[PDB]
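K.L.:
Residue-level listing of the chains:
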Amino acid sequence: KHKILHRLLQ
Amino acid sequence: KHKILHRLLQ
Amino acid sequence: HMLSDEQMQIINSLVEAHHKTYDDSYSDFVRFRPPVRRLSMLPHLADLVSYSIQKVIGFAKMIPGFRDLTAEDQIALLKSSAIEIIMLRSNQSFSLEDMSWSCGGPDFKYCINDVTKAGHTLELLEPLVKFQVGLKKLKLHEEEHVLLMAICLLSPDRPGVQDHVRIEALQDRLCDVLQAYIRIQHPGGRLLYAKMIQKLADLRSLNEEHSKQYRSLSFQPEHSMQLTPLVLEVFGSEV
Amino acid sequence: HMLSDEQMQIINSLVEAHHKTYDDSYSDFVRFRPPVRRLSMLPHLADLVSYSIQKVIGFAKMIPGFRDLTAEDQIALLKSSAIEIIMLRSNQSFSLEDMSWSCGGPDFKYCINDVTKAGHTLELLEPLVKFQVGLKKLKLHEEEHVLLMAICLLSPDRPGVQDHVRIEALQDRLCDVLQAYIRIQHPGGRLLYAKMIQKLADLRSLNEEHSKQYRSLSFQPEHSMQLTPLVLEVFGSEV
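Respectively, the protein sequence lines represent chains B, B', A and A'. A prime marks a further copy of an entry chain. Take any residue in the first sequence, note its place counting from 1, add 686, and you have its number in PDB author numbering. Take any residue in the second sequence, note its place counting from 1, add 686, and you have its number in PDB author numbering. Numbering (PDB author numbering) for the third sequence: 154 to 190, 251 to 452. Numbering (PDB author numbering) for the fourth sequence: 154 to 190, 251 to 452.
Worth flagging that the hints you see were computed from the coordinates, not collected in a lab. Errors might be hidden in some of the hints.
Cut-off 30 Å, straight-line C-alpha distance, at most; resulting in silico cross-link-like pairs (DSSO-like, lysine-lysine) [said to hold, decoys possible]:
1. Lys687/B' with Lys173/A
2. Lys412/A' with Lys425/A'
3. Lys687/B with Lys425/A'
Quick list of the computed label-pair ranges, beta carbon to beta carbon [unchecked claim]:
4. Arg693/B' with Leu156/A': 55 to 63 Å
5. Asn165/A with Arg251/A': 25 to 33 Å
6. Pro187/A' with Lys322/A: 34 to 42 Å
7. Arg693/B' with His377/A: 21 to 29 Å
8. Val452/A' with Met161/A: 50 to 58 Å
9. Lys352/A with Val342/A': 56 to 64 Å
All C-beta atoms in this analysis are idealised placements derived from N, C-alpha and C, irrespective of residue type, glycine included.
Chain B with its partners taken away, still in its complex shape:
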């Protein structure tokens, strides 16, 4: 789902 990445991308 790329939870971390979505989050780090704002």
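Given the coordinates of chain B, assemble chains B', A and A' onto it according to the supplied hints.
P.N.:
Then chains B', A and A', alone, in the frame of chain B:
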């Protein structure tokens, strides 16, 4: 799936 | 009256198992991400809890009868009791003097404060210390402490468990040893056994409270990204 | 001939972005699980690579035009180029003298050897050093090095990318700046541009090789459990 746990349990 | 060659061999295995998975010098802690006093203590305690899971697993595999349960039941038992076994084994480093876990110099001395820099509130850390103090006072023998951990780990009342009759049987045999041992070798412990079982109840509360706090933590990726794969798996609900 | 007020502002942003995400003193490395020389270096390098992903992400968000792509395309670009951007930015700590990455005293001096104690073979670490040496020799200006990273990160040819026409356009504008900059400000760099683009090709090979090695690593839980949530996500294929 508990991949780690299965593995640590031998 | 006295212990049987059976109960005695159970004790030997558990005490040996524990010695094999618990270093009283805490020398391995230098390999954890260093502590720091947005949750500056999370990386360190995450590594501490993760290191402990591995230890609790090694201890469990040597609990007689456990290795014979299904992989699924072993996992169900570990998942739901891991946090409790950690709280129990940590009593060994808990000092009533400073009300903290002394695992080293200044860096590895865990105070109530630190756990707060890790996502936990003080209103909830209070029962933990209260538990540690009560447990410390019971001045358990290594045989009773090691039995208490095995009893806890084999509780049939855990979500996900299947053969709750077989886990039930294993625990009873363990509860018998603890009861017999306390009677035979523990002067002044006529009411100790009942006090120990009460600790199991307290652990349940502490466990439920941890789930709630951990849950919030795990839904925030900026924070869950700080955890370790093993913690996410054991405390995760992908079960 | 000279640079436009546009190309110039792109450079300002990229150079500033880089400065904002790259500490030449490597002071943060003390927060990684300490290095150790079954893959004793894995916990440290995992933390190093993870720390870098976060940095590459911060740098990317400031690449003009990138924040405007879809979340999905941003992720697709980051996932497939992350390892390459790490290899590029690390040139800054690579010393041709000892053929290693000097990020500190003895503990943070990364030698070819160490990466082997992390799951990688030497027959594959060889092209990496060869790449670092060639790249170091190009003696790039900070403006060229920062542009090269943005060019790499905006390659339209990455699996999972959607609007490969828009990524295509963004990269071209960046390639123009690099070309114009080299001509205007780089004495002796008439063939530099072509050498830089060749480095992009080498990174592709290095990237593909890393995927194969990383793949084996990630299928073994005793090892993947040593990685961090972010590394598992960026290098994972759950995409």
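K.L.:
Can you tell me whether the CB distance of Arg693/B' to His377/A sits inside 21 to 29 Å?
P.N.:
About 25 Å separates the Cβ atoms of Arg693/B' and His377/A, which means 21 to 29 Å holds.
K.L.:
Does the Cβ pair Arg693/B', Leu156/A' satisfy 55 to 63 Å?
P.N.:
56 Å, holds
K.L.:
With respect to the beta-carbon atoms only, verify the hint that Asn165/A and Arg251/A' lie 25 to 33 Å apart.
P.N.:
30 Å, holds
K.L.:
Go ahead and decide if the range 56 to 64 Å is satisfied by the Cβ distance of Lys352/A to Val342/A'.
P.N.:
The hint (56 to 64 Å, Cβ to Cβ) holds, given that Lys352/A and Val342/A' are roughly 60 Å apart.
K.L.:
Between the alpha carbons of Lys412/A' and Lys425/A', is the straight-line distance 30 Å or under?
P.N.:
20 Å, holds
K.L.:
Taking 30 Å as the top limit, are the C-alpha atoms of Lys687/B and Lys425/A' close enough?
P.N.:
22 Å, holds
K.L.:
Taking 50 to 58 Å as the stated bounds, is the beta-carbon spacing between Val452/A' and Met161/A within them?
P.N.:
Given range 50 to 58 Å: holds, Cβ gap about 56 Å.
K.L.:
With a cut-off of 30 Å on the C-alpha distance, tell me whether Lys687/B' and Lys173/A pass.
P.N.:
With Cα atoms ~28 Å apart, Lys687/B' and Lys173/A stay inside 30 Å; holds.
K.L.:
Is 34 to 42 Å right for how far apart the beta carbons of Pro187/A' and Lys322/A are?
P.N.:
19 Å, violated
Checked against the numbered hints given earlier, the structure breaks only hint 6 and satisfies all the rest.
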